[PDB]
Amino acid sequence: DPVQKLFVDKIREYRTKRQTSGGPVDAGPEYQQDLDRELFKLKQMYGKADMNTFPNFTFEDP
Amino acid sequence: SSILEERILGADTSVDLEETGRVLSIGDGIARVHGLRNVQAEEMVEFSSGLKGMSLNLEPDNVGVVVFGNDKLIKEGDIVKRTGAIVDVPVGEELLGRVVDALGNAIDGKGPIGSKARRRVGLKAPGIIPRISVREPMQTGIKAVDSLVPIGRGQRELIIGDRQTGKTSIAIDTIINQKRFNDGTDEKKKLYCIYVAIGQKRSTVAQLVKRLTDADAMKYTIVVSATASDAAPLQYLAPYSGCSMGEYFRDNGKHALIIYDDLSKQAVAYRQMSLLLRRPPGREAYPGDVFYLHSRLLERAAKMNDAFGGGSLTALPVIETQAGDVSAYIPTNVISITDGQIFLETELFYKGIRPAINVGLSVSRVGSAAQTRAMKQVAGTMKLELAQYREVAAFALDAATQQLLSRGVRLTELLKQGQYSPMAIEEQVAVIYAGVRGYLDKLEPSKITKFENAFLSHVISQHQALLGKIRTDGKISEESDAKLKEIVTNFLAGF
Amino acid sequence: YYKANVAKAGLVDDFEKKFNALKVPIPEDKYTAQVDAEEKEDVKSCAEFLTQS
Ligand SMILES: Nc1ncnc2c1ncn2[C@@H]1O[C@H](COP(=O)(O)OP(=O)(O)OP(=O)(O)O)[C@@H](O)[C@H]1O
Ligand SMILES: [Mg+2]
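Chains as they are written, first to last, in the deposited numbering: chain h, 5 to 66; chain B, 9 to 404, 410 to 508; chain d, 55 to 107.
Just so you know, these hints were derived from the structure itself, not from any lab.
Nothing false has been slipped in among the hints.
The following label-pair restraints were derived from C-beta to C-beta distances:
no., chain 1, residue 1, chain 2, residue 2, range
1, B, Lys463, d, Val89, 31 to 37 Å
2, d, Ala87, B, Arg171, 55 to 61 Å
3, d, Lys84, B, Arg171, 53 to 59 Å
4, h, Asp54, d, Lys84, 32 to 38 Å
5, B, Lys218, h, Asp54, 26 to 32 Å
6, B, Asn113, h, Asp54, 37 to 43 Å
We put the CB at the ideal spot given by N, CA and C, even for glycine.
Given the sequences, and given the hints that come with them, work out the whole structure.
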């Protein structure tokens, strides 16, 4: 199973990725701008509510 | 994350000794491959770019290979590996609820198709012994289609009409209505719908899948989309892929329904393919083959007898006619292959009479056979009454003539329907009963629709016992007739 | 299952609990006055119409 060089190569490279992931590695500002735009469209589709605010409607009657 | 590393492991990397050929010339969507000495005809070769092609011509010095993708991803000098199997597609219940493209490659996300069996798109229709007459009813949930021009299981109806007259809507309502059967107890009434979209806008199919998911109708539907952008050799192949996914059920004792939409946009893809192969064009530039193309596809919508499983595969080809010319080439090619037809006028549609079935020309050549007895009782009278009304509607005297006009207008108003609103068989029976026996001749025609709505609300609310009696005993007994009569009279009283 | 699908699972449990806490206020009646109309028109019709009858 280890004889195939490519499998072990990918394995070790991903291992290195995991250790370097102590923090996420190689974001790059492009990453941040993409996050910005996609989160913006997501929230705009959803709304302007808080991250985790449990709201209420304050009902009424006819 | 590490899930991706596991994804790395278990990937087949073992190399194999495989025959190969070298592309000579790619252009017009037909590659000329050199080599491939032991390549079968209609085999599925694979290019170096992950594409697939069908080995069409075995010429002495080269192989014509029709590419199932964009021929811009194929150079000259590429490598073509024969996969050693006639063009195959994956089949099984693993596909239900999945939007696979013309070759079974899920274009849905939602992981891959976990199919374990493969069929040949180029199979042969069942002969003469396996087939048996059409016996069971295919409930479309549309009053006009279910009453006047019924359909059976094994029949291959046609839906023919102009641009935007409600062909796709009839197809979708038929698909949705099967939900009730696909939840009951007996596997003998479950229908596994399929829907082949050929040469259709991709956004249309996306919204159609969204609608089918809203109505919980994707538990059994398979959508095989070869949309407008996809190369012609994919729009030509999609119907055969779908028909194979349906033949699987048909041959395993189940019941399937396949809706090609449209078949007028497969024949155009085939005309492109042929003209680019330089084949001699015929009438309207279509190749002479353009019949065998549809005949071989629609002859598979069979109904196997009990000694062959007993399954069935209904087909509902959708043809689109320019300027409503029913006598064009492809419309007549298909009108002589199918067992019926539903003509959707474009002027009835523009009058708000929807669905726009032109009951004068629509017919079903199994018709009364494979129709619920109750619906037969109620709807034979309606067929005769509509016939009489049509015979005289060319001018608008005596008591009988005016009676025919009034009853016909009431029935026309009664047969209208709304989108995505299929009706159980018993509900159609009840409405058409209240219409034909004459409990509406005083109400204004303009109100006939509103009445209908309200009536349903009452019937479905209080007298579910009667409707269950009709459904179980598929017939209107005398006592059931009397109960329905008094129900209708009482409800109409409140007006 | 949802929480298993969430990363901030504790927030999911918080929300579920609070949801369980909140109960939609039961809206009320204000129209026994129609019962008042019952009684008033009762005396009216009964006495006047039904005894003049
Ligand atoms: N039974 C119906 N009642 C009311 N409106 C309908 C009905 N059937 C179809 N329509 C309307 O017709 C319009 C187009 O219909 P539909 O797309 O089903 O026709 P079509 O022949 O499939 O069009 P195309 O074939 O060009 O895609 C839709 O907007 C729909 O609202
Ligand atoms: Mg359509």
